[PDB]
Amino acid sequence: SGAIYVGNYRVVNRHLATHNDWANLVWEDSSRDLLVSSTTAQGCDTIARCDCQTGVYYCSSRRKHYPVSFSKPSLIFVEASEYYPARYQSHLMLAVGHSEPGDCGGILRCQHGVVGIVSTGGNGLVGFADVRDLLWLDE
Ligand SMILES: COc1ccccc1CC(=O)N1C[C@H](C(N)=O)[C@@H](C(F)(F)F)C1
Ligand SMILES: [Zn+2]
């Protein structure tokens, strides 16, 4: 689990969005596993606007943060689930690191701010849904 709070927005994994998220929907993209809902309180997270390929993510299954090198956002094949059929997930960045399904929502950050959130894993890999291209999150 996990979310990003920036201005009047809440960013979460689309497969983990609640009834409240869907009733206050701003934007969602099934191909990215992202959903953004509106909030009444003002969020104070800073979104990174950069091309960093190094950062730190929080891994709930180990209660630890890990430094990682990660790939540029791209279309990557992802297996079937109770939420999606086998498809290409877009805007995804992979890194070598530990992840388990419950780790989705863990934040990846670089020196500039929030880069993305855990969305995929397995086989000693961890995949992050990028949010740096969502410029409207700041306005
Ligand atoms: C953190 O994910 C791990 C980690 C280890 C092992 C397995 C997983 C699960 C994984 O790869 N998923 C990809 C998928 C997707 N984003 O299309 C996610 C979900 F199904 F929508 F919830 C879950
Ligand atoms: Zn950066």
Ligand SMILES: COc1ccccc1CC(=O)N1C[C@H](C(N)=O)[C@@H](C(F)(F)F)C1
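Numbering follows the first chain given and starts at 1. In this text, the rigid core denotes the largest set of C-alpha atoms whose superposition between the two forms falls within 1.5 Å. First, how it differs from the form solved without the named molecule.
Put simply, after the core is superposed between these two forms, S81 is the one residue in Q111, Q42, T54, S81 with a Cα shift of at least 2 angstroms.
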Given for the second form:
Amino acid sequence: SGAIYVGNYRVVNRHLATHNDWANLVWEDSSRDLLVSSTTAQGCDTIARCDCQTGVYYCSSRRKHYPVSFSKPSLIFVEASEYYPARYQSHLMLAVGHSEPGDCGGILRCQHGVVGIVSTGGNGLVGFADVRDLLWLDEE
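For comparison with the form solved in complex with the named molecule, please write out the form solved without the named molecule.
Just this one chain is shown here; partners and other molecules are left out.
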């Protein structure tokens, strides 16, 4: 689990979004495994605006932060999970690293702030849904 809180926005894995997330839907993209919902409280997270390919992610299944190199946001074929059928996910970034189902929502960050959240895993690879292209997250 895990979320990004920036301004009046909550960013979560679409597949972990709650009733309240869907009741306050701002934007969702099934191909990206992202959902954004509105918040009453002002969020403090800074979204990275950059093309960094290195950063640190939180891995709940190891209670550890790992430094990783990751690929640029891409259309990548992702195997069946249970939450999704074996399909293409867009704006996905892979790194060599540990990822289990409950690691989703783990934040990936560089020096410029939040890059994305854990979205996929398996075969010793971790996939991160990019948020750095969502410029609208940093106004109203």
